[PDB]
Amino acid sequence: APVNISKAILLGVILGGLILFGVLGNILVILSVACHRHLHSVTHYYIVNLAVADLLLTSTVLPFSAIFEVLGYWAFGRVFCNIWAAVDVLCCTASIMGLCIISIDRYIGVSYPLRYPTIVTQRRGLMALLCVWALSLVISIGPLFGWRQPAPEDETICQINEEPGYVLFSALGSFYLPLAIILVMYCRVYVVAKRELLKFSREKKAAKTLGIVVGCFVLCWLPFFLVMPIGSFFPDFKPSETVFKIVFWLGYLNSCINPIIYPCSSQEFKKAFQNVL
């Protein structure tokens, strides 16, 4: 259907700029971790895992959301709508468990600096990464593909499951449980760092950087997981759908915010970014 030109063009341009910045940042993070040989570690492997997750979030789901916004309605196939929702959930739920294992690794490193290489070894790190990716896949496409509501008869409609039975499970298994794990691990990290040398300081600095990243992610994605379950469990059903869109976009903004954090909070990452550009 016809829509605005100037406003739509401006909105599309700004959104495209956002995706371009996010993709550039994630690619920069991946290249900085990979090409450099002094940035190899299980923590940096988890960092590139998060970079891949939010790069997928910025490269496929984000452009589709931007195009939907510009058009005002769904234009692609219904199968494409389902795959779009599934990829959105998969990326936003794999990032959270990536942060969970990053928090576990940072707790191990802060608590046991000297013995850190003997606990979180390369093999164990990759095993944990693969387990996280598999569990994120399962949690993402279980409630959706498994318990799927009757399909709408309109090809132009691409909505979100509003049934409480799905929103409760998705919020619990995607945000609230991994979030609780992350808070437990970082409260432990904070207490251990404060109560507690050349390697301990490095672990503390990495923990601070990844804690900033985790805080940004949680702040960005909290409004959505607070408004969706509330909307389903209360007479108010996502009031001001505009605000519902704003909370999704704020959540997506973390995908672009994250690459800024690594240089601005880790001088090693700043040097790597400077010398890779």
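Whichever C-alpha set is largest while still superposing within 1.5 Å between the two forms counts as the rigid core. Positions refer to the first chain, counted from 1. First, how it differs from the form deposited in another entry.
- Considering 239, 215, 63, 223, one residue stands apart with a C-alpha shift of at least 2 Å between the two forms following superposition on the core, and it is 239.
- Relative to the superposed rigid core, the position of the CA of residue 159 differs between the two forms by 2 Å or more.
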Given for the second form:
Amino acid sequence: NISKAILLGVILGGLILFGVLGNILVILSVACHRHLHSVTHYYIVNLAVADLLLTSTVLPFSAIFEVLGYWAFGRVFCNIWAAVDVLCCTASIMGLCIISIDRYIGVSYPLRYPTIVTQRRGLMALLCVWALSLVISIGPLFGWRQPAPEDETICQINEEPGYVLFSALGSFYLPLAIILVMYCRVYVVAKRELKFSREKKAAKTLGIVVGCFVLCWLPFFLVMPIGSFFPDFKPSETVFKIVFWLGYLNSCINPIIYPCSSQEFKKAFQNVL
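Next block: the form deposited in another entry, after the form deposited in one PDB entry:
Next comes a single chain, given without company.
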């Protein structure tokens, strides 16, 4: 279908270009302000960089996989693309877990917060979570992998359901549990209990970000394990395409969310243009 091909191509090209532009805009806006340099803003920069690299690498290639219908690149390039894909898809939720910890500490102790989360401690947490993302990404699929398929157009990585289950758990559900429990604490504290108001506004903005991420990434990690458990409950290609592109559009969405809730971010975006 040429009409379907051109529609998919134009829609996904627009989405990926807008995502790159938005993430670059977020990076520039946070970086161009000396006063905005805080550990939470550094975490937001981490999340934006992870989303930007995920976009600029995976999204054109996943869109080409959709439009064409096979892999038109080298097998080692397929391995590299898949590894970068899982790396970014895990590092995004890892950065979200880090911002959740940051905002819980900020809500609980609004004035002692700088003495608990320092610049060195923040960078230590950032580097540690990046390293953990690298491990939980690269190790599972290459440290335990079946022989590569004979076809050069196949771009799978591990066909054993054990790998898909473990990747789903270790890349979505443990960070999801951490984040859900910790913003349960944050919401409880905010509803029960100058610095307080400012960090509460930051908590609300990042909570909206986290909620959008969870809602628009849950269907994917709910439909793949369903298929893996019982090999008869794949509804249709339709639901799979929808949930996949919902998740990646969600990776695109965040630059919309940043000014929708943060007035200072809106002002920074207005100044940078």
